[PDB]
Amino acid sequence: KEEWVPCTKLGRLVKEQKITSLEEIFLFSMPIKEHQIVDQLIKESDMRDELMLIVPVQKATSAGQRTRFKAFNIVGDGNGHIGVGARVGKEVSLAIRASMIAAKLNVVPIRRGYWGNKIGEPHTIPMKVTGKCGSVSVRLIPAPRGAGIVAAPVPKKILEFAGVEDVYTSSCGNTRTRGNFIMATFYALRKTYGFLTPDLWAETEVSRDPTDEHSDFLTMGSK
Amino acid sequence: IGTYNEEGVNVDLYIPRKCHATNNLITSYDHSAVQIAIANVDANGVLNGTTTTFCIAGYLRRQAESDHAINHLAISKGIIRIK
Amino acid sequence: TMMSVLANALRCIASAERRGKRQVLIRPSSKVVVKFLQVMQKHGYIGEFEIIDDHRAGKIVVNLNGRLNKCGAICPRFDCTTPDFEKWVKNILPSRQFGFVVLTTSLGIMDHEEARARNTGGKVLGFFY
Amino acid sequence: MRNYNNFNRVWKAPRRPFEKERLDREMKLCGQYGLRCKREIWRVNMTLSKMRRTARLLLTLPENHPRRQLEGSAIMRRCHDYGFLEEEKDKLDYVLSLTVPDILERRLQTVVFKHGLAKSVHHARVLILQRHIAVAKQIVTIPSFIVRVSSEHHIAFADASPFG
Amino acid sequence: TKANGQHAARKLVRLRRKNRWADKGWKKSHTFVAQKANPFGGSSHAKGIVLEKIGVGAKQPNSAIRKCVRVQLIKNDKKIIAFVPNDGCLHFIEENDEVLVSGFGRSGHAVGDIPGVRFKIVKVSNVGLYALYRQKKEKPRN
RNA sequence: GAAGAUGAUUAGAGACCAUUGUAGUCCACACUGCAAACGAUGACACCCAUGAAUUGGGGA
RNA sequence: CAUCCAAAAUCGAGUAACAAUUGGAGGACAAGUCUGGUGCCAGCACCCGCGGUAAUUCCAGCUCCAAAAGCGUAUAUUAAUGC
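Residue numbers (the deposited numbering), protein chains in the order written: chain d, 37 to 259; chain g, 4 to 86; chain e, 2 to 130; chain b, 1 to 164; chain M, 2 to 143.
Here are the computed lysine-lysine pairs in the BS3-like style, where the Cα-Cα straight-line distance is at most 27 Å:
| # | chain 1 | residue 1 | chain 2 | residue 2 |
| --- | --- | --- | --- | --- |
| 1 | b | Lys12 | d | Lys192 |
| 2 | e | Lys91 | M | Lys3 |
| 3 | M | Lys3 | e | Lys124 |
| 4 | d | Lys227 | e | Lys71 |
| 5 | b | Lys38 | b | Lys12 |
| 6 | M | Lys79 | M | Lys29 |
| 7 | d | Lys193 | b | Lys20 |
| 8 | d | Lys192 | b | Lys20 |
| 9 | b | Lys91 | d | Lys164 |
| 10 | M | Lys3 | e | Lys71 |
Below, a sample of chain d positions facing chain e; criterion: calculated Cβ distance under 8 Å:
| # | residue |
| --- | --- |
| 11 | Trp151 |
| 12 | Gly152 |
| 13 | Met163 |
| 14 | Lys164 |
| 15 | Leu232 |
| 16 | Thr233 |
| 17 | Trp237 |
Hints were generated in silico from the structure; no laboratory data involved.
Where is the CB? At the ideal position from N, CA and C, for every residue including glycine.
When you get a sec, could you build the whole thing from the sequences and use the hints?
In structure tokens, the structure reads:
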């Protein structure tokens with residue numbers, strides 16, 4: 037792109053070789069405020085960007101009416117990183133460009149476990165999870181190997197992104213409003229790490245934030 | 004620690020942090036889950052350097068249970084004195 | 002009134018756990034409620050518990066380490082069997098890996114895992130994650 | 001009346017036939033491997049789903065169960081034959097990693113071409129049906145004949161053949 | 002809600018048996034008034050003798066004229082209307098010709114822009130009417 | 001004060017309004033059981049936090 | 001059905017005339033920024049909707065799509081339905 041100037045601590049570190057992966061940023065909870073943080077760390081040839089929806093919205097005005105376009109982006113790596121944008125712009129290309137920014141901010145990692153057969157690398161979600169936006173709520177159920185992605189084409193996409201290849205699913209409520217279904221499905225795949233399991237606990241040690249360690253070089257950064 | 008294979012090899016992207024107070028997994032998503040680092044002190048008021056660490060969850064600032072738990076954590080490690 | 006002793010106990014535990022509280026009180030006591038707690042304390046989900054004596058009915062008190070996520074009760078005590086371990090373990094639990102259903106048998110009170118091992122089914126009791 | 005011979009379907013059409021995702025992954029096969037029509041792609045799908053059903057059911061079971069023991073060895077044995085899986089496989093999770101191409105690949109039509117006895121799959125389908133191929137010494141004029149791992153190395157030609 | 006007791010069974014059963022009578026997708030099967038009402042007797046098709054050609058209007062949003070046929074049913078001696086479902090094939094139906102009659106689409110609601118008519122004429126004199134339309138066969142007057 | 005009567009209002013008006021007036025409005029003994037009979041929230045039981053009051057009893 | 005066109009002796013494709021059809025192409029739903037004709041008429045349309053001379057839906061041609069020696073239509077029944 038055009039030449040870039042970080043206004044973020046993280047941004048500086050990422051432009052240097054200090055933070056070299058998403059993991060570091062995630063592990064000590066910090067918000068991503070610049071999409072350029074994603075592009076630098078995760079190289080292109082792993083990232084994919086699809087537009088799940090583009091639709092007109094209308095706002096009422098006396099006589100003629102102004103119009104706009106909502107759209108969704110979806111983004112991520114098949115290595116277990118996903119992130120869903122949605123944004124609004126008064127023209128087509130506007131809302132498109134805007135979506136992809138927001139999407140790369142909202143990126144979250146994915147835990148994949150097993151069904152109770154352990155071979156290779158994860159093919160299955162570690163547990164049942166649910167996510168809800170509007171009246172729709174999705175129930176992701178873990179499936180045995182070779183099941184394939186058993187869901188509708190709308191979530192099939194969203195699951196392919198997140199590296200889940202074996203699942204069984206069902207939805208509830210009004211599912212024929214597209215937008216609500218997307219957000220729902222995504223909140224599901226978050227909830228994995230949000231749930232405490234015996235395998236994880238051992239009172240795993242914490243250490244200093246990248247920010248703190250690199251404080252000196254951020255001071256120098258400011259200059 | 005973490006998910007393993009039958010070959011014993013870790014499959015996880017990361018192993019999330021512990022909130023010492025509730026022993027629950029701090030998510031990446033929670034940005035209210037703050038890591039408080041206090042610097043220890045010895046005789047003659049010399050800092051040992053930052054050694055100890057606490058981690059608080061983002062579910063403890065939605066009703067401000069934070070203060071309460073920090074005290075029970077601290078007092079147990081002899082950091083805060085009680086009579 | 003209460004028509005299941007278990008239901009009265011394990012809705013105090015679940016609620017308390019969702020609030021992160023590190024001890025809970027339990028109003029009644031039974032021989033049954035003891036055994037249920039015992040299981041989970043071995044597998045590491047409870048620190049300790051005390052039974053206190055009022056010489057009418059006891060008041061259990063438990064120390065939560067926050068390692069639980071739910072403790073349920075299967076109220077009608079439906080019949081599960083050697084094949085039908087599979088059925089329950091899928092349907093009410095989020096996993097087959099760390100889901101624990103607890104059952105009653107003539108032998109005693111035990112996990113499904115140990116039930117299969119000794120090859121006796123029975124009527125279900127409760128469950129936890 | 002008094003007929004005691006069974007009928008069964010061997011092929012079925014997947015739900016929602018106008019999915020443009022499914023269409024891609026159909027044509028890709030049927031053109032490449034020279035298949036007549038979509039019916040063939042489905043025929044293998046059925047038999048694969050079948051196999052994968054029992055394998056799933058076995059996998060569920062605790063160790064040292066009779067269903068697990070007996071019928072486990074059988075499923076594995078018949079994927080060693082036909083060369084779908086190798087003899088380093090035993091899990092009954094390997095069996096669930098089988099997909100549609102690995103079946104089609106071992107049909108006579110493709111095996112003929114791949115062994116160097118034709119110049120295309122289309123061309124090898126003719127070579128079969130003009131009665132000028134064999135599978136050891138037995139003339140087979142069916143392109144959907146699945147060829148053993150042993151007997152794909154003894155294909156030769158028919159003894160009725162002007163090309164042999 | 003519901004009852005979870007061990008001997009609760011009979012209350013459950015009797016509850017369902019009551020509440021299925023609030024379903025119209027139960028009635029439509031089990032009740033023989035529905036069968037009786039249907040002009041074919043619930044059979045796939047029936048035959049009838051053409052009485053009269055009846056021009057039928059259309060509803061307000063789509064103004065058109067529709068060609069329909071007043072037919073009498075041999076089986077039950079009921080009268081019915083049906084639509085001619087091809088362009089310019091009113092000709093190929095004439096009075097007192099035997100004719101077959103079918104349902105069309107949704108069979109509990111009348112088709113749009115033709116009120117009261119769920120019935121389309123497939124075959125005239127056992128000849129396929131489609132065959133006459135897109136020429137293959139010619140109508141017998143034989 | 002329904003009904004009814006009379007005067008207005010109005011294009012039309014027992015109308016809404018004004019002056020009247022019967023049943024009814026009250027009580028006793030019989031019926032009726034039809035309300036937005038609403039908190040549109042069935043009954044019993046357990047767990048569940050923040051602050052300042054009120055209504056009864058008891059305690060220092 | 002199979003095996004064969006001599007074992008001494010027995011047939012035969014090149015437009016390979018030995019020539020594949022039935023339903024679709026606005027949305028749902030795979031496939032037309034087409035060309036002529038019709039102009040709220042004729043008709044299409046399970047449903048949403050098309051047609052008032054500027055028709056992506058009608059009536060024709062070409063083009064392309066799905067299934068295929070099978071493909072449409074009707075009615076019942078089951079799945080879809082945690083209606």
